[PDB]
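Colleague: Dock chain A with the ligands against the given chain B, drawing on the hints supplied.
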Amino acid sequence: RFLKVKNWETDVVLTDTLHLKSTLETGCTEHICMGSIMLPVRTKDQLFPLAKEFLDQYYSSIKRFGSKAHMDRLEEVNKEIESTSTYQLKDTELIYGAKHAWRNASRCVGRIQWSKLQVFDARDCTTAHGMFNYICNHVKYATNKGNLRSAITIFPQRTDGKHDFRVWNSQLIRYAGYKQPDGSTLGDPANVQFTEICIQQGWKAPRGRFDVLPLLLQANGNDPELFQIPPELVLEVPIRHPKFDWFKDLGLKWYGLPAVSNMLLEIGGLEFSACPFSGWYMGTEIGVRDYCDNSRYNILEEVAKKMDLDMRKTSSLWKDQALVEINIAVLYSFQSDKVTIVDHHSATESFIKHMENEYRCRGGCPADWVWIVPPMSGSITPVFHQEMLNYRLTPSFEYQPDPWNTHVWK
Amino acid sequence: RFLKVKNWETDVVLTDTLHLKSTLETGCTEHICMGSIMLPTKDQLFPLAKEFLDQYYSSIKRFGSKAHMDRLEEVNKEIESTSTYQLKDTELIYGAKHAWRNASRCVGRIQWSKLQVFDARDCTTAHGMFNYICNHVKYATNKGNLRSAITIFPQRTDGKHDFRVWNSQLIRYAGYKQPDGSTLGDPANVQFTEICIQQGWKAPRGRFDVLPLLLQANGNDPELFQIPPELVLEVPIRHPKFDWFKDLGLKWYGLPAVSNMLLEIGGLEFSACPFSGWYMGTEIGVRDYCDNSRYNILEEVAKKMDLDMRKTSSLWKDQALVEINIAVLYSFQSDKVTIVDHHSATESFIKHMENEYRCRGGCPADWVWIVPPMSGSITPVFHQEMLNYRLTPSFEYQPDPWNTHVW
Ligand code: HEM
Ligand code: HEM
Ligand SMILES: C[C@H](O)[C@H](O)[C@H]1CNc2nc(N)[nH]c(=O)c2N1
Ligand SMILES: C[C@H](O)[C@H](O)[C@H]1CNc2nc(N)[nH]c(=O)c2N1
Ligand SMILES: N=C(NCCC[C@H](N)CNCCN)N[N+](=O)[O-]
Ligand SMILES: N=C(NCCC[C@H](N)CNCCN)N[N+](=O)[O-]
Ligand SMILES: [Zn+2]
Numbered sequence: 299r300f301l302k303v304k305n306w307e308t309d310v311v312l313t314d315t316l317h318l319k320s321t322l323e324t325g326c327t328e329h330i331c332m333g334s335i336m337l338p348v349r350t351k352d353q354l355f356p357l358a359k360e361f362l363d364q365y366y367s368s369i370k371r372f373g374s375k376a377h378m379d380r381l382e383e384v385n386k387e388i389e390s391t392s393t394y395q396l397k398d399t400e401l402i403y404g405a406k407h408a409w410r411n412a413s414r415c416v417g418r419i420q421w422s423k424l425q426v427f428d429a430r431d432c433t434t435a436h437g438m439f440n441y442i443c444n445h446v447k448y449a450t451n452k453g454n455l456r457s458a459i460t461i462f463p464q465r466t467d468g469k470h471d472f473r474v475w476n477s478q479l480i481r482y483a484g485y486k487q488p489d490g491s492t493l494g495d496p497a498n499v500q501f502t503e504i505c506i507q508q509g510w511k512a513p514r515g516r517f518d519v520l521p522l523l524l525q526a527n528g529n530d531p532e533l534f535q536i537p538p539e540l541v542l543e544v545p546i547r548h549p550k551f552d553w554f555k556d557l558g559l560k561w562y563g564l565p566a567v568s569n570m571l572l573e574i575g576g577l578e579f580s581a582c583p584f585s586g587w588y589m590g591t592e593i594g595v596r597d598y599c600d601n602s603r604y605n606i607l608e609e610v611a612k613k614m615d616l617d618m619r620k621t622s623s624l625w626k627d628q629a630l631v632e633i634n635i636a637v638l639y640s641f642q643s644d645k646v647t648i649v650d651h652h653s654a655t656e657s658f659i660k661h662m663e664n665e666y667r668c669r670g671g672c673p674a675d676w677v678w679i680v681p682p683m684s685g686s687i688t689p690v691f692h693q694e695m696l697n698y699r700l701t702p703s704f705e706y707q708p709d710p711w712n713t714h715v716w717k
Numbered sequence: 299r300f301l302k303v304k305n306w307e308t309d310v311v312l313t314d315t316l317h318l319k320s321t322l323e324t325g326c327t328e329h330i331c332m333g334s335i336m337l338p350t351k352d353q354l355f356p357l358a359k360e361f362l363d364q365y366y367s368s369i370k371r372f373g374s375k376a377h378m379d380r381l382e383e384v385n386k387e388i389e390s391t392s393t394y395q396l397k398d399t400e401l402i403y404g405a406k407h408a409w410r411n412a413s414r415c416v417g418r419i420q421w422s423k424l425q426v427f428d429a430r431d432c433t434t435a436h437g438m439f440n441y442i443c444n445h446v447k448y449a450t451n452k453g454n455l456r457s458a459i460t461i462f463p464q465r466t467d468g469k470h471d472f473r474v475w476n477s478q479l480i481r482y483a484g485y486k487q488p489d490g491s492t493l494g495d496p497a498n499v500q501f502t503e504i505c506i507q508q509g510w511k512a513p514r515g516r517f518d519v520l521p522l523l524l525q526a527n528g529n530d531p532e533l534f535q536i537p538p539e540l541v542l543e544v545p546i547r548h549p550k551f552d553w554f555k556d557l558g559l560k561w562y563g564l565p566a567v568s569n570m571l572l573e574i575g576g577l578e579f580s581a582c583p584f585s586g587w588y589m590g591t592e593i594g595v596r597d598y599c600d601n602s603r604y605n606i607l608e609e610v611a612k613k614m615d616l617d618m619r620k621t622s623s624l625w626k627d628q629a630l631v632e633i634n635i636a637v638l639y640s641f642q643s644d645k646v647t648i649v650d651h652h653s654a655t656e657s658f659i660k661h662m663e664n665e666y667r668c669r670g671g672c673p674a675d676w677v678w679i680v681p682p683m684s685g686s687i688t689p690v691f692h693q694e695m696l697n698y699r700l701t702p703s704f705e706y707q708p709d710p711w712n713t714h715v716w
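Just so you know, the sequences run in chain order B and A. Positions 299 to 338, 348 to 717 (the authors' numbering) are the ones given, in order, by the first sequence. Positions 299 to 338, 350 to 716 (the authors' numbering) are the ones given, in order, by the second sequence.
Same shape as in the complex, but just chain B:
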């Protein structure tokens, strides 16, 4: 079957065949679309077919499909699975798998960079301290003094589901959130629950507005352990505005390294529950969502007041005006400190080019419109006008339950 997607701004129509290799479900049915829904131990039996699918894809990618190497590898894995119930990926397969999980992430607008991913193999890791060391090396490498480099660190895969490696942080670097008895929130409201877990685990919180959270690391299914990332390794950017000298006085800053660490990387049926990865920020992630979401830093008012906008009626679009300036500030500050960042215009334009390229070289590019379109100025970015097809391909990055909800404490 063939599926056409059209860009209503350019009339460019693309054809998708890649979706044919989509196995996982989407949540939608022929009677209902769940396209805006945030989130709608294996047996030897269902493992080899998953392994075979992957290895076939891998060997096909290196132009060795059907080769003796390919056939031996399949037999090797088959025997290993029957012999040990699981199997180990070769380093090459790991790197290939990691890159493709990114390539397949339909909610990621930065995928034009997928082939350039530095993969750190941390499968020989056995303890939390070991994980800490690996993560520090990842942060230092990825940060590269402001010239950010995409990277992923992969810890040991799941075995029986009772020895999982997990990074309890949702992101390697995030600011603590603190619920005050008066009901107000200090810091990032999104991290209050995790911050409480850290404190409970022994973390001495400086209770500030921008305290870098400590890493809570779980190795081999053991209870997690706290570690403080060396401050000298955490790059941060003070936010100021090019024209508004008072903006800096808002006391705002943000870390330069976005590093998701709570997702599960699935490769050939294998599950890597601890696989922190990082690239670099798109301006709006911070300027629109982290700063202006009502449930996050929510700085729209204070910024609007300082700009002395007419906040008596929404129709003055004061929120919209303040929103722009704030995002101008974020981009300006990062560029000024020479810390990698990309604006939503550049990033979405790049994604369209990436997408078109993917349709031609791969027959498609699963994309989640709801997530791809920036949270501000939607229609003035090309992606808004681009029809997209969302489906799931493996390898992939999947959500997994928060560890504190499933962990058996020792």
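Misleading hints may appear alongside valid ones.
Said to hold, decoys possible - Derived PhoX-like pairs (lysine-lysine); straight-line CA-CA distance at most 20 angstroms: (1) A:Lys351 / B:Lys550; (2) A:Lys555 / B:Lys620; (3) A:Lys620 / B:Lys550; (4) A:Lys486 / B:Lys620; (5) B:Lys613 / B:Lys555; (6) B:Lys645 / A:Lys620; (7) B:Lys550 / A:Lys626; (8) B:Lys620 / A:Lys645; (9) A:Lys613 / A:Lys550; (10) B:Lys550 / B:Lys612; (11) B:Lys550 / A:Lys555; (12) A:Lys620 / B:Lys660; (13) B:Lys620 / B:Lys550; (14) A:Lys370 / B:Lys612; (15) A:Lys645 / A:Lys555; (16) A:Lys550 / B:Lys613; (17) A:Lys351 / A:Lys469.
Please keep in mind that the hints were generated in silico from the structure rather than gathered at the bench.
Modeller: The following block gives chain A with the ligands in isolation, referenced to the frame of chain B:
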């Protein structure tokens, strides 16, 4: 099953069961989501009529009554004998309001029950249609205090006597292809504008020329009509701070009136059912004015604001976008012409959703269309999970007439 939708800004979770009554396909499957795709017999008729009448009598607290059974049999006998049937005025009104109620892409549905329905089912000619339309335009415009309305022309029969309004909206500006290769006026209407010329219209070759109505009655060829200029309310766009804004020579019409959709009620199809409400600011300021394929005025506005357009990261496009939208709203409010900003409209929809969930078990909504084209996440709907599904009565898209009309 019983699906739930969560709002990630307020954690509020709502359960949807209304979807369990959906009958039409969405275009999606268990393997692929087409949520961002813009356009994914007597035997067939009675079940549809039955479905409708059942919900109708259910809505009037007379489900399973003799009146219900009687009507059901009457329509039944009517279909068997006439291969179709006629809706009672009451059923017509109910159906029209519900088609709106079910429009998953409309953010202004909190207004659904206040629709004024004009029964034009006795219409027979294009002049008759013009008369009905003029009356609709004047009624809905209400000197600037817009009132929602829909005018329903005769239902489909054998498909060869279909009533159709060729315009996409009762009021739109013409578009002409110039030698320069550029486009004069609204690029979106270039084709229709030519079909008017190709039909007789004398285009003034302007930037904002109110197109003429092309009405089709009983399948006959369509006829042109100039909407009494005095009936077409327009708003000059000026900025509440940039005195130079007026120099752009921009203006827009106050009445948004979709006229190319098909109203489906109890299996019956009304191919000519122009309807109107009022504008949400972004429709004009963001889409009509800033879309690259539309009046695409960002650069011009940017230049006059004298901001660095060298780098995209200066966010000049964004800065200018806001000003253009502040101007649109300002101009409409200044001239006392109804209009709603995206913040207010989205706030209303969230409220509407909640009402619909507790009063009807849900609300089909298309997130992709509901979220405004600018400042998405600072509006509540961005954080609102929505379930999209099709319910009837409904407003459906239909082929442009000039691609099906046999002159
Ligand atoms: C090169 C820089 C990159 C940029 C500019 C970029 C940008 C983005 C943005 C703007 C989002 C949306 C975030 C949100 O709204 O929460 C996102 C999501 C995502 N990206 Fe990328 N990304 C980049 C690198 C990466 C890397 C290195 C990976 C993996 C190897 C990746 C995997 C994903 C995934 C899985 C999601 C969805 C996460 C979720 O569902 O919460 N991205 N990316
Ligand atoms: C009272 C004021 C109303 C407001 C503020 C409102 C607002 C909107 C907006 C912003 C859109 C999207 C427009 C676009 O992007 O093209 C829309 C679409 C739509 N509205 Fe409403 N609406 C109103 C009244 C009506 C009425 C009276 C009806 C029907 C009786 C209606 C039926 C629909 C339908 C079917 C669509 C989708 C049209 C399409 O697919 O192109 N609306 N509305
Ligand atoms: C309910 C809705 O799915 C939700 O708010 C989504 C919308 N689009 C998004 N897009 C991105 N990039 N990130 C998000 O967190 C979201 N949230
Ligand atoms: C491709 C994508 O579906 C398309 O650009 C949609 C997105 N959302 C929209 N939303 C509204 N209200 N109106 C539109 O015309 C669109 N266009
Ligand atoms: N740019 C990236 N973005 C994703 C992580 C940062 C997101 N703004 C935080 N999302 C929090 C979960 N709702 N990732 N990256 O690796 O570069
Ligand atoms: N507000 C309304 N909007 C819909 C019609 C006007 C839209 N801006 C035109 N969209 C063209 C279809 N792609 N309708 N209304 O009845 O109020
Ligand atoms: Zn879907």
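Colleague: Work down the list of hints and note, for each, if the structure agrees.
Modeller: Comparing the hints with the structure gives:
1. A:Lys351 / B:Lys550: Violated: A:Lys351 and B:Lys550 sit about 70 angstroms apart, past 20 angstroms.
2. A:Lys555 / B:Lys620: 23 angstroms, violated
3. A:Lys620 / B:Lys550: Holds - the C-alpha atoms of B:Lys550 and A:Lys620 are around 16 angstroms apart, at most 20 angstroms.
4. A:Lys486 / B:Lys620: 41 angstroms, violated
5. B:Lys613 / B:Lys555: 12 angstroms, holds
6. B:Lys645 / A:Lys620: Satisfied, since the Cα-Cα distance of roughly 16 angstroms is no more than 20 angstroms.
7. B:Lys550 / A:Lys626: Given pair B:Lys550, A:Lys626 holds - Cα atoms ~17 angstroms apart, limit 20 angstroms.
8. B:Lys620 / A:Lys645: 16 angstroms, holds
9. A:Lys613 / A:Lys550: The given pair, whose Cα atoms are some 13 angstroms apart, holds under the 20 angstroms limit.
10. B:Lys550 / B:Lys612: 16 angstroms, holds
11. B:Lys550 / A:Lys555: The hint is violated at about 27 angstroms.
12. A:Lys620 / B:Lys660: Measuring from Cα to Cα gives roughly 19 angstroms; hence the hint holds.
13. B:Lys620 / B:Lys550: The hint is violated at about 25 angstroms.
14. A:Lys370 / B:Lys612: 53 angstroms, violated
15. A:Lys645 / A:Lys555: 18 angstroms, holds
16. A:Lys550 / B:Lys613: 19 angstroms, holds
17. A:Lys351 / A:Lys469: Holds: A:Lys351 and A:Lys469 sit about 18 angstroms apart, inside 20 angstroms.
Of the numbered hints stated above, those contradicted by the structure are hints 1, 2, 4, 11, 13 and 14, listed in ascending order.
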